[PDB]
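Taking the form deposited in one PDB entry, here's one chain by itself in structure tokens.
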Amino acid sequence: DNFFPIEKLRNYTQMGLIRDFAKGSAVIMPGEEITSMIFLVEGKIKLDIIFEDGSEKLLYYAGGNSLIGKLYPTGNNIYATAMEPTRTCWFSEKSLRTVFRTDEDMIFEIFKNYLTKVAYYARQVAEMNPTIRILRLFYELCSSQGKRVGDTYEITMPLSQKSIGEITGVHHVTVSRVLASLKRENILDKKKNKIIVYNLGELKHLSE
């Protein structure tokens, strides 16, 4: 929710383009290339990221005085919709120059807003041992679905690393590291249609 509302932007809306949106209309469309900052004069906007597989995850809720800082291409596919009657002011690069030439302080208000967002998201990435969750998942899977094949358990299941990451809330880069380490230590080998457990005892132990 609310990011360093830029309330002083209220005074410069005459220098951008007003765009009003009815409840449920898409303020940003999937694959729409936005090259404007969007000021929320009043309303509520829900902004999501759409990953390259079509999953749609919430980033934030924007309300009165919020700034959507999407002045340039980002590599994230964004989809934003109005959740009430929303009035917005759109500020292209050209119109921001007009703002800065009137009031230089506005450059620093916008820095503060971006800075608030980096501080917020970076801290959350950091806040989130998540590794134990992958071990608990393999342990529960092995102990109920695992078939004894000589001195190994086999779980017949196409469980992609993407699915492991989604189930456990573990970043896709940590999943691959955990699995590499599991293989190297002769514990578990996560192949394509099967998972092979060589050491159920140590797996149980690591997981508890």
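Shifts are known only where both forms have a C-alpha. Numbering follows the first chain given and starts at 1. Rigid core: the largest C-alpha set superposing within 1.5 Å between the two forms. First, how it differs from the form deposited in another entry.
After superposing the rigid core, the Cα of residue 89 is displaced by less than 2 Å between the two forms. Taking the rigid core as fixed, one finds a CA shift for residue 57 smaller than 2 Å between the two forms. The rigid-core alignment places the CA of residue 178 2 Å or more apart between the two forms. Core-superposed difference between the two forms: one segment of three or more residues with every CA shifted 2 Å or more, namely 129 to 208.
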The other form holds:
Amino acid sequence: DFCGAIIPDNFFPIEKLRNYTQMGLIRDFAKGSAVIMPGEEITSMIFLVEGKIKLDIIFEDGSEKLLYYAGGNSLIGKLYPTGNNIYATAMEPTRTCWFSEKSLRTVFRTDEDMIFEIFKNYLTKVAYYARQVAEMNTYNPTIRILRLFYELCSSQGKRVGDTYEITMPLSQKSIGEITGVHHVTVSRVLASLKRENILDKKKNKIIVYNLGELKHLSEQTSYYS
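Form deposited in another entry, following the form deposited in one PDB entry:
Lone chain follows.
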């Protein structure tokens, strides 16, 4: 029914795969440990039973960038070699379940629906990243930040009297990483939005005091203002 993500965190979780972790291999990591080491070739799907993984790509010159965050019931779909150098670290004590190709056949023979759940999980990732490429080719950095707050507000902002609240803990550093904008530009833009009384990004909530202005500004070509 719907394969969408506004942010690259907890893409299409598959809670029913917890009924089949006995067909796969349990593997616990300590906080701070590598689930996937730089240069490690992975050929398993990795189901996250409990915890939190940060998953990054590393370029040849050593540059490192965020791809996504993974939480409980997330799926790392690295069953085959891809050409990318991936580094995935446990942000907390984390339980995984490693599903090889053979082990997946065993799961599908028991439950043919899990096939389509995995397709949904992949589709969601492709829809996210393909749009993000096209969005970066269409809107300027500062506009992409406004567009993110508008879309989170539309999709998950709760009306609370005069305002909308987005119940979400989200740092400026991550906003920058997700939107591809320098963290100092992120600080500047939020300063503006705050002092103009449009939006306040707090520790655990973003509060939108003025959605129609937020939206209007997101429709311009810059908000380096």
